[PDB]
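Shown below, as structure tokens, is a lone chain in the form deposited without its partner chain; questions about how it binds or moves come after it.
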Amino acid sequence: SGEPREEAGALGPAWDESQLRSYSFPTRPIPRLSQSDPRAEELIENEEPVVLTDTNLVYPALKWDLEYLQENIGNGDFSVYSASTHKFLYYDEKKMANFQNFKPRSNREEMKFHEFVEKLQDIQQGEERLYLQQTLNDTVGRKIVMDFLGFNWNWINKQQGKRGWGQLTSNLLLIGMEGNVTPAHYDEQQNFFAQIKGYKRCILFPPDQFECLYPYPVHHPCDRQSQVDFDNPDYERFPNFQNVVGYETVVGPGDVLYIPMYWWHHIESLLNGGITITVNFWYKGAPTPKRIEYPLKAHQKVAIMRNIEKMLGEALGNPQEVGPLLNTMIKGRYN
């Protein structure tokens, strides 16, 4: 992760190790570079993570905080997630019909910002934890729309153009509480993670560690999430979690982390670090080349495995038979 950076103005260290959680695997630091540095462009083009420290991407939002937001964001509805533990168990509603025994571990709920601020206030007066996650569309107040327009769209748009990425699928505003943890998972789109308030420790695993992270079945509501409990790894069920090695960093106000598509990421708001605020940017990856180019990269093999699982689930007319058939194919033949 690297030594805690010293804040300007002789203010103490931004954070200290005691705020970071302990895990069973090793890690090395993700590079912190300047957007002008040729090495940063090199990392992004090769689809490797990099923390850009001077993009000014969300510059107008650095002043944001709960008071400012509540007052100017408006009186619309915001999706607030809640959990009893620190780990926020998110899931896919549409895939619940496939796994009837799946009991929910986290509940969402629309509410007004001022309500979230209040509901958050008394919880600080507690084991419960909330996590607000909502898109930054025009639906919001005029002032917030001005700040939004003030983002460095010149930088990010140029970045989108040279990488060949597709459309910006969405912008997500995230406000969480200290200690909050979003378990490891991967997304299929390219992502620029812009930190605004507070610090978050981000642990990333490359796509080739698929075999050590044991993702749920594609048809399961937790598709794309790791089945391993990072706080208590079951080595009998997931032996290869003992070989996992990750890339880590702690991002703070002004930092932008590039999370390449298909890369795993574990995110946590530093303990006793106050609330955190982040805005993420999603872009569809560049279209896959017409003619295949070998040797296939790891993320491409992951795409293929996802496709096989999907096709099989439809061909058998039932996602619950996917596993049995796969075992039938493999046992005594390929294993």
The other form holds:
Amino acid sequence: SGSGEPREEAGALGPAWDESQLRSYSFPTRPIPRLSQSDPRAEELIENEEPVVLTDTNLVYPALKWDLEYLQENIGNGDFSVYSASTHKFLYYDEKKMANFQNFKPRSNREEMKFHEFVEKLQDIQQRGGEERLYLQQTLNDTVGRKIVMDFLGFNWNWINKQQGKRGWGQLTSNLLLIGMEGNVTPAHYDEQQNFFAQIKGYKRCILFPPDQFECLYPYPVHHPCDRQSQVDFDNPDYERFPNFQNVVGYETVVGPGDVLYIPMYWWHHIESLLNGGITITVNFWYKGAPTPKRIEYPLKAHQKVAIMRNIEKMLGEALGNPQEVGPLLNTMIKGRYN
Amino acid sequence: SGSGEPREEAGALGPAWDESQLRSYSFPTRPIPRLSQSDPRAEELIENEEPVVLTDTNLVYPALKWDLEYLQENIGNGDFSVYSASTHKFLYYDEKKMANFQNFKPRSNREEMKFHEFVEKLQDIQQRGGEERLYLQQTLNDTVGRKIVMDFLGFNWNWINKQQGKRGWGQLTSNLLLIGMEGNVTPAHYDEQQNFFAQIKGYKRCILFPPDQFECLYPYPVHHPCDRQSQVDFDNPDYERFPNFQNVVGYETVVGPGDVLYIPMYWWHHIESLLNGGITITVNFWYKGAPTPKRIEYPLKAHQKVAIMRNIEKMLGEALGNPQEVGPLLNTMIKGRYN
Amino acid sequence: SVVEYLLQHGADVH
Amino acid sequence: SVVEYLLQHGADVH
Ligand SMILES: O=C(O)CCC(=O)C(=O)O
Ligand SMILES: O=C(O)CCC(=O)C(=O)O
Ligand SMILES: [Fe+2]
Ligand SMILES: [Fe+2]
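I would like to compare: after the form deposited without its partner chain, may I see the structure of the form deposited with its partner chain bound?
All chains and molecules follow, beginning with the one already shown.
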């Protein structure tokens, strides 16, 4: 039953958050375990690629002091990717893929700007009362201020690097800094990288689905701009088009300052910043997965079959010389033959 | 409208055959052209892989004298594959594939025997009045009699070899000798080899469908024993399972002694020995197709897409480690995503 | 190569 | 190799 009894902030500052801050959905969820990084059960979950919330890693300890004012004064003046939207849902769009699907138009636009420019617009909406929404999603790089670099260096690289090694994972590919408005939502989708989700400011409700629930979440075609994202509108599920969504079961939890959520590769995750909970700041750690094992075991695992399906779609798209021919060939292949 | 006005046998011996000898089907058919091997229109059809009936090739001229008695006395005593069945339909079965589909049982059994043994059984049924059916399908080889070898050598290798060269086809892989009882039928299927179908004794109605009618003929899954054959019962079409069969359109013709039918690779063909027309004898010439062109043109041709679909099914079957998992993965891939 | 891979075909007959 | 081919995967993220 959900993310459990809201945790109590030390010092008798009351419940960190309350139920009325969570959105309502049609599916059931069990809690993701909250453990100590020293707890062998936590090492057990990660090794077996199952989610777990680590409470005491100190992964981004130096960032826990971060906020708009501090970051504005220390992040530098490089460009920051900022997505805008007229809805609480920030569906991701692959622009390199927007060529294929021509009659296509995003529900959220990307825009570059300096951090102070972002804070301005954030402020502009606030003091007037607008309905526009903004979500800053920018990779951390060479152009950040001196202090930010100091904080970054303070991250618990000893612990995470050891995690990287123990899992045989590839290299750290990036750290995405995410600053969003309360109520914002990143629709269900899966990533092809292992993720250590480090919460810094505010709270986020994280709903995860195992890879084996692929048939209940209906991802868009691989060549579509929204590849890897679910086509189901969690707020108004179309059970005629997506029958098996009625069978979807999730794992959820609410992360706050100091928590690190392990989002295993290929696991679906729906992420929302609690309603009326203020802005949120997160920093993730994306690592390329381990290489394919020298010996395959049968039957294959769910994430592997997902890998196979993705490949089939890619091969057909390239072979047919046109992505729009993938669907028809696929249907011709199964109709009256495999269904 | 069908195989046209029955041809008249030279010498005023009347119509070679009549309509009441043809079985009735639910679909329409246009006539395959009957031309002279010298007719450039015939060379045009073959080059463009479209069927054509050649009337004067003399391909198997020496065999036109063949019949059971002559062959029994001259074919030798090697073993001859003979398929038996309780129905006029002789569905082909790949035995190497019968391992996969376990709860499977053939509608026709194979049996080895000497030619004289075959003639005996053919005779046994005749003089009593039985309902059993036999179809001899045996590859021509090293163990045939001296006279048979003389006939074989008399084949018009000059003409066909030149055909092999002009089309860039691969090697001649075999010559299947087919002796069947009147009324026998080889259900619709396609072959992965170019074929020169040489009629020798009796008449055969040949119904062909272009590769682009794949979606109307519903072939069994590639790993199934009846791979490449249509699942539709031409005598009692299941329009609930095979809706698009209602859209199938064929090309037909009736071949007799001396005719050579070019069955282009991947073209579906339904072949029946006319009812009450006596036994039939045919000898085909199977050639590996030309190699894939150095430059692909888009969009692909129907037979190429058929090649792609077959491969996808093979890859998935081997990748999933079990052929029975192909269907489920395929359905999971398209349901709510591509259909 | 992928197309060439997917275009290759066997030589199955009856 | 075919399985290995079909098991390979990209590294796409948001
Ligand atoms: O925090 C969010 O809104 C999205 C995070 C995410 O999708 C990821 O880290 O993979
Ligand atoms: O003649 C028959 O019954 C079958 C011939 C055939 O299927 C072929 O030559 O490919
Ligand atoms: Fe993600
Ligand atoms: Fe055939």
